[PDB]
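Not every chain of the complex is shown here; the ones you see sit where they belong.
Read from first to last, the chains carry the letters A and B; within each, the first residue is number 1.
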Amino acid sequence: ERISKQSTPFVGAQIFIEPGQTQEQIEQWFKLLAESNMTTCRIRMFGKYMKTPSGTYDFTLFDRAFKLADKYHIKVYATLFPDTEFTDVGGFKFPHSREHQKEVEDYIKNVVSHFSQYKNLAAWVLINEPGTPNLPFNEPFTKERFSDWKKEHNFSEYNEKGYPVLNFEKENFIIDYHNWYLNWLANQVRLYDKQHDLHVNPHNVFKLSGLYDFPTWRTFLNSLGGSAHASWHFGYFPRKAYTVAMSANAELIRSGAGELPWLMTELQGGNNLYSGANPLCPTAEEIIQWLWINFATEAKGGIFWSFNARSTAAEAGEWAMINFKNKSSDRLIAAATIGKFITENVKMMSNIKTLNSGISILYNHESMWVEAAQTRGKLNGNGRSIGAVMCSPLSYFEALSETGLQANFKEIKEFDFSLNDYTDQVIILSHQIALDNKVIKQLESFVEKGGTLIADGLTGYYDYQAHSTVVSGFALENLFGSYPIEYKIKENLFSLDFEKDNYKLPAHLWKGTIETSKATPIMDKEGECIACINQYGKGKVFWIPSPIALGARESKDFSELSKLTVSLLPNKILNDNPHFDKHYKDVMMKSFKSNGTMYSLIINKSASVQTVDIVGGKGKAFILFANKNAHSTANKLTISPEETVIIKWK
Amino acid sequence: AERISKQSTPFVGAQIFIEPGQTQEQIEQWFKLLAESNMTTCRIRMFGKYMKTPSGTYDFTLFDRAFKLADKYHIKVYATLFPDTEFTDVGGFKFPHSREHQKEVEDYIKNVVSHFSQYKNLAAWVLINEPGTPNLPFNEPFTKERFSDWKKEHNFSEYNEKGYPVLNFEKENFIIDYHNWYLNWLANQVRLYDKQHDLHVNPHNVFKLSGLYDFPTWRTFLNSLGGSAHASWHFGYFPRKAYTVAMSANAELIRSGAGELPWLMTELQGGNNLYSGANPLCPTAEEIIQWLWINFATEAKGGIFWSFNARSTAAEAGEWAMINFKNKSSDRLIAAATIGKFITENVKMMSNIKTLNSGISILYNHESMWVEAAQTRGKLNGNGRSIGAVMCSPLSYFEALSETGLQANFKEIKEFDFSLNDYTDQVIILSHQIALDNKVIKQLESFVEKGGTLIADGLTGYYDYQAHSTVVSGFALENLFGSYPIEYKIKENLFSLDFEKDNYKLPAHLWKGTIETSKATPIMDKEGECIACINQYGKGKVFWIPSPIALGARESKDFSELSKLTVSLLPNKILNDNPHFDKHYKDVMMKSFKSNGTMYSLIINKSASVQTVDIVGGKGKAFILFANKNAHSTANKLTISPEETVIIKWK
């Protein structure tokens, strides 16, 4: 089968294969995996465990696993994982040398030629977790590729107006280098197998998104994947907001996928002993929350790392969904309920389309690159540190999640700026500190054609060369109908108190003051102009150059950001989309459609039972899924702590 | 030459710091006050730098002057072999830099030992100051080559017998053999020129560096084992109010290493940290008394303070000294002098001390520390997921027992005698000893089968010596434990294990272990999960609780529940025959000893308040032999003041 947007979603798990394991233990795993309503496994095709002393390939260890998978009707995601040190847990991200590249060619020839013949092979994973924060610039292969890339690019030290510039050669090379290696791996597989889906799992996306050109990857993939691990990738969130983290991670991959189907290649299946940055053992409740969040965001699968554990050194007896007796943990029991639900609701679950509110939260590579130059790699967890340009849009995302509104989370190049009408569409640019003339023209077009643009923090302070048009002649003056006057540093947390008394917005670190020309000024209680609304063609701009999303984050209170944002949304979004009648702290809802029927996903992450009033769209709430006996009266849902609910609208 | 033995009269002593610039008059002033302070012994760093002449010959003058003044005041000398090194190298190099350097060290030893062996007041050669370091010189050619050779001579496979991947810990096993080799080589060099004098060495920072030290091997070339036990360097795992427990554990660890050899504490902190030390202090007079008694009660044949007098330049200039800047007694030297005086007035008692072994042994192994260093990737976040949990865990059990007034051994697993036919009324505690191999598991099976009680908490036995988890592949301790692990689930740094029927609410650290029993009796918590078991195995028993409850005690700063639970598991004979407290006392310690058939107890109060301690077990009525704040007993109820040290003689 070739995956499509109409495929039946699956629940699956990594089957960890290494020497020493017995036939009987491996059969025990596939048997329990099949009994757990899981259809799919993923296997790391370790070159180390196939290479013989003579340099031939012995496939025996993996044949045994593929044959047992086949016997239990389990399909396999096979990860290309060439020979590497036992201590290299995640795998090398690029060849070490030309000689190493040839060894990888030989690995792919042998492994793809052999395992392509199994009728239960579902997908090739080109590489595990492309991208690293520590790129191997010291190694000869990378050193040479970077030297060649620089020779083929012609950068000037000055812009057209004559101002000095940064060119971000390293960052632009790294995008092209990822594009090149993944495309090369896809071409290598395609030498031997044109039949099977090609897949890859970008990881740590709130940090590594600046490495990833998903639109290019679409050209050589059949599906986009992702590792979304609560213990590795969600450090910007408390555990009670891993719902929001998973929703944003799902939205980010969904945006990257474009017209391709996507699935989550890795979810955390088990316990951190010594591993992980933010260690946990997922609850049964978290397992259910993550699977539903992903399916509600169009995922065609959720694969857990891992069914069974590694036995030696790094992650030995960690991450596993099965216990040390090879029986179901409460996490596998939980995952099995979702597999069962899918088998009983195939037509619904196979045709999920996320109900787009029309709100898109946009991030760009360049804001992250400019931030890394300006903060000089500081990790003090504020606006003056690496991560503020992602924490800011994630904070708006959280505010909308706590309003029960869906929002896209997209790289700016993944947004379609080519349409003739953007009536009732919303773009949020939250502390996207780098914008160039081309994207500003796209934003002007978007707003002119009826779009609503919300911009906070230092959005557009710099261009793509770290040149500040705020200093030289502000590129967004036309769209904003206003001009920045000053930024003044304040405390980590201050209040922006609007003159009309309607709003007291938590704000982080810097207070922006502006001067309006065409825009309507918004004054604070100090008599300073802190924001404006510009009518621009059929659309509008709300600009508040203080970081109010980071303010919400620092105050741990998204309520004011919710209320303000709702007041700016086109009426059609609030009328046509199910959402909460007001802000609910630590509650999320996202809606989806399947074959003309609308559904809503609701999760309560508060310490108490909540009664959530759902308004907007049409229909009466029928509870289709609830793991703690939720009930609805009219469109008022009573939902318990850690409960996941699916409402079908009739 | 007088040879140290287990019957030697213990001494109080001090480093005499000799460097150029000192006058005859000031050095005589030191030896005179040292003798007047009831100290019999000094230690002198025999700096190669201060004997080498421009021509490369040896001029012994500076050290002759010190040895002759020591001799005049009847002071014996521990002479530390300390070849030429940079002025800024405070502690000394731990291995030769190069083959050429090794030959310079040979020449140093020839000259210094040939000359100073002739002094009748020479008591011992200290082969090297403070063997071992956290920063081992793998960068240097001598070490790099020895390591390459060692690896070639060892036959390591990347897979175990069952076929699983393994780690072989080549570096760690090499470092053990490398220390064994260099110290044995230094002993052989000294013995070329002097067969008469005791050979001694002072391992240091033992709660961190014990993984470098093979004490059973060192016994083959030593006459005595030493130690540096400095409150400002080595006790970072403890608050200052528990430096009693730290010193007791450090003494027990060296005593275990010593085996049949006598041991003494080569360095104790004698004075103030100005700029030096990790956990700086100036010991109180009360701490000086506490440390000397703890060491003597743990069979120490000496306590030598670093230092009598101070260095004058740069590192530790005017620091560490027992004398003040006028070269008169601080309250620390006055305090040490009372203990020297006590020894001279109680020779027969103080010369024949044997620690009263409760029969409780807390065991650590090199391999748990090595596997921890691989799994934590050197993280220093002070939890179970950091370097040091495998030592902090057993030290926490040690503290819980100290606060119950029970002695406990603190031993490397190879220092425990597993060869006996009977272990009735013996107890082994394996607290978060995360690495155990098949050989040690068979020894533990034998120990328990023959009547031993085994207490195991935290991740004990989660890995083998190759960092392979038999918990994953087929649990090697299933037979002994009569049970099988089910899961670990990470929780907060501090949570409560609430036993069914409210029998116990145990503080626990970081991970909750659940198990399944076969032969063992399960113990359930209030959530209906199986969190522990008792297995009857031959004549003995196993108590297994795979959650870290010793680290739980540490994190909660409360050892009371760990005390109560441990007491409930002890053979009756231990509680009947050993003096101990009738209940747990926070910040109080007691350890008992015997001399010539008479039993004694050492009690120290580290709480902020006067404590009334009810002592039970063993036989006899309290006679207070030593009490520096006028402690009094009513029956066997001891009223002891804050910071007081008490010795009871049981009549």
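By definition in this document, a residue touches a chain if its C-beta (ideal position, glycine included) is under 8 Å from a C-beta of that chain, and two chains touch if they have at least 3 such contacts.
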Number of copies constituting the complete assembly, 2 shown: 3
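Convention: only the chains that are shown with their structure count from here on.
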Distance from the mean Cα position of chain B to that of chain A, given in whole angstrom: 52
Chain A-facing residues of chain B, complex: 158-160, 162-167, 374-377, 385, 459, 462-463, 466-469, 471-473, 475, 484-490, 511, 516
Touching residues (chain side chain A, partner chain B) in the complex: 18-20, 86, 271-274, 279-281, 309-314, 316-317, 323-325, 329
